[PDB]
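**Q** Given next are the chains, with one letter for each unit.
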Amino acid sequence: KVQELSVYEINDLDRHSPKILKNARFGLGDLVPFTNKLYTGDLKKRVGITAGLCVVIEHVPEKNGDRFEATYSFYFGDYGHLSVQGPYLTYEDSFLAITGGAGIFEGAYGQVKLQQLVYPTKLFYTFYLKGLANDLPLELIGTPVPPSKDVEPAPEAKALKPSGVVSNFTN
Amino acid sequence: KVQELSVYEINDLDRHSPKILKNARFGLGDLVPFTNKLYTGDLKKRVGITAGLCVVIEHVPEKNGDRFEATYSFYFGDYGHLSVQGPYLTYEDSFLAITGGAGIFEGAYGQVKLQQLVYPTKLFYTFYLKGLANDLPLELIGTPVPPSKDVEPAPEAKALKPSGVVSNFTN
Amino acid sequence: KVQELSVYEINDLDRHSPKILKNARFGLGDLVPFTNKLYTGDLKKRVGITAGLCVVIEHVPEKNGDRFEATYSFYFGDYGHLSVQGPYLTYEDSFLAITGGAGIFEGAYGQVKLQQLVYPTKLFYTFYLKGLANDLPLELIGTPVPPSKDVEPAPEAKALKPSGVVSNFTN
Ligand SMILES: [Mg+2]
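Protein chains in written order, with PDB author numbering: chain A, 20 to 43, 47 to 193; chain A', 20 to 43, 47 to 193; chain A'', 20 to 43, 47 to 193. A prime marks a further copy of an entry chain.
No lab work stands behind these hints: they were computed from the structure. Take these hints with a grain of salt, some might be off.
[What the hints assert, rightly or not] Here are a few chain A residues that face chain A', going by a calculated C-beta distance under 8 Å:
#, residue
1, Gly49
2, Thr93
3, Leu118
4, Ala119
5, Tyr131
6, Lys152
7, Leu154
8, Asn156
[What the hints assert, rightly or not] Straight-line distance between alpha carbons at most 25 Å, and here's what the computed SDA-like set of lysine to any residue pairs gives:
#, chain 1, residue 1, chain 2, residue 2
9, A, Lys38, A, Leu162
10, A, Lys135, A, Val82
11, A'', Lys85, A'', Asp115
12, A, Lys180, A'', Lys152
13, A', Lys152, A, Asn156
14, A'', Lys152, A', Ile126
C-beta atoms are modelled at their ideal positions from N, C-alpha and C, and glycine is treated no differently.
Can you build the whole structure from these sequences, using the hints too?
**A** Shown next, in the form of structure tokens:
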């Protein structure tokens with residue numbers, strides 16, 4: 020069965036990220055190691071971080087954007103993590119492959135929808151998760167805030183209050 | 020059930036690829055972001071591109087070749103993509119792991135045979151695909167042209183004619 | 020069913036590894055392509071190598087350590103390989119996702135426990151392997167030597183004697 024799981028990835032520019040390694047405008051040769059903050063779909067709790075690498079594939083002169091090939095993980099503190107591989111395109115939504123998971127996400131497979139909001143500041147993901155041993159914990163599956171350019175994490179989540187973080191949230 | 024899927028990866032050297040990032047002869051430290059053209063097994067249609075990264079592991083003085091560790095995706099336009107992780111060896115055939123997929127390839131698992139033809143210009147892959155929700159579309163499963171150093175994509179595919187490309191082929 | 024598989028990864032510093040690519047103390051931007059030796063859990067045989075990339079995510083001033091995001095494979099000679107994606111933390115144990123496999127490991131999924139021993143010299147992994155077509159070969163599933171800072175591969179394995187290597191062990 021498909022378990023849907025949405026999360027917000029938010030870049031506050033306090034994590035040295037994205038650290039552009041310029042070897043190539048974005049072109050092949052450009053490497054972008056990155057790590058952003060990760061929040062629940064309902065924006066109430068900090069869950070952890072994203073962490074991995076974007077490989078610039080090319081600039082697209084046409085759509086004033088770039089195409090990346092991405093390999094990264096989404097960390098949910100004590101819950102574990104999900105891993106993905108796929109396209110990140112600055113100019114449209116994309117689906118990435120779910121390569122696997124750990125913790126509650128052990129056995130994870132399927133695909134994930136990546137949704138553009140602010141560039142490169144806010145992203146909204148919806149994981150179409152199969153293969154989990156159990157139903158997702160309730161604190162991770164609150165009704166997601168519908169994505170827009172203005173939606174924001176709860177103050178307690180930004181501030182890192184016990185009420186706005188999951189157990190041993192990834193920092 | 021195993022669905023077999025063969026594709027030709029072709030480098031025309033018009034995509035800035037391979038963009039060698041020399042930090043190490048090929049040795050550890052060398053990083054090779056790459057992207058090539060991707061065609062159907064029967065060579066009739068352009069499907070998309072490959073895109074990802076080869077990490078040089080070592081030079082092999084013995085077999086006048088090199089060993090790479092590769093993380094990349096195969097893009098099939100509107101159909102989605104397949105992702106892989108594994109060995110690329112300039113001197114023999116290898117099998118890579120299928121890490122996942124998106125679109126029609128959602129749930130993909132198994133292994134893929136990589137076959138050397140021209141170096142590093144033409145490769146022939148055979149995906150032993152399990153986990154797909156449906157049978158592969160007929161335009162992707164035409165009887166493959168048996169691999170050799172001379173086999174070539176149809177003129178319409180090189181030229182990008184409607185008859186020689188899949189829907190929204192990855193470019 | 021879960022098949023448990025333990026292996027020792029050992030760095031002898033004869034493989035040019037880890038080849039630190041300094042772009043950032048370890049911080050984001052730092053890239054660490056690596057390849058180490060790989061032995062059976064019972065330390066009797068050389069099976070192959072590890073090979074892939076660690077992406078520094080950040081230094082942790084608190085725990086005098088660093089957090090990495092890792093994408094790599096474990097090579098077992100003629101048997102094939104396993105691929106993973108996940109966290110490598112110099113200061114605690116971690117679980118990585120099993121993204122797939124090839125050979126006898128085709129269809130592999132699950133998670134792997136990474137255990138710290140010497141830094142960065144000896145690691146002990148325990149793969150909780152699901153999805154394999156057959157039971158693991160007996161030479162790979164000998165009772166593992168319980169991990170400590172002093173445990174070592176058998177002399178024949180270091181020396182590469184026929185009795186201390188698997189068939190076509192990855193070198
Ligand atoms: Mg997988």
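**Q** Does each hint fit the structure? Answer for all of them.
**A** Hint-by-hint comparison with the structure:
A cut of 8 Å between beta carbons decides the hint on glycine 49 of chain A: the least distance to chain A' is about 6 Å, and the hint holds. Because the closest C-beta pair between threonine 93 of chain A and chain A' is about 5 Å apart, less than 8 Å, the hint holds. Annotation: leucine 118 of chain A was flagged as interfacial toward chain A', and the flag holds, the nearest CB pair being 6 Å apart, inside 8 Å. For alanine 119 of chain A, the shortest C-beta to C-beta distance to chain A' is roughly 3 Å, which falls under 8 Å, so the interface hint holds.
Given hint, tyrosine 131 of chain A at the interface with chain A', holds; its Cβ is 6 Å from that chain's nearest Cβ, closer than 8 Å. Interface restraint check: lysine 152 of chain A against chain A', minimum CB-CB distance 7 Å, threshold 8 Å, status holds. Of the supplied interface hints, the one on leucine 154 of chain A is violated, with its beta-carbon coming no nearer than about 14 Å to a beta-carbon of chain A', more than 8 Å. Annotation: interface hint on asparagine 156 of chain A violated; nearest CB of chain A' at approximately 19 Å, more than 8 Å.
Proximity of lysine 38 of chain A to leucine 162 of chain A is assessed by CA-CA distance (about 29 Å); at most 25 Å being required, the pair is judged violated. Pair hint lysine 135 of chain A plus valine 82 of chain A holds up; C-alpha atoms about 21 Å apart against a cutoff of 25 Å. For the suggested pair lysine 85 of chain A'' and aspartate 115 of chain A'', the alpha carbons sit about 13 Å apart, so the restraint of at most 25 Å is met. Between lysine 180 of chain A and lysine 152 of chain A'', the direct Cα distance comes to roughly 38 Å. Violation of the 25 Å bound is thereby established for this hinted pair.
For the suggested pair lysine 152 of chain A' and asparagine 156 of chain A, the alpha carbons sit about 23 Å apart, so the restraint of at most 25 Å is met. Distance check on the hinted pair: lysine 152 of chain A'' and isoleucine 126 of chain A' sit about 24 Å apart at the alpha-carbon level, within 25 Å; holds.
Violated hints, in rising order: 7, 8, 9 and 12; the structure is consistent with all others.
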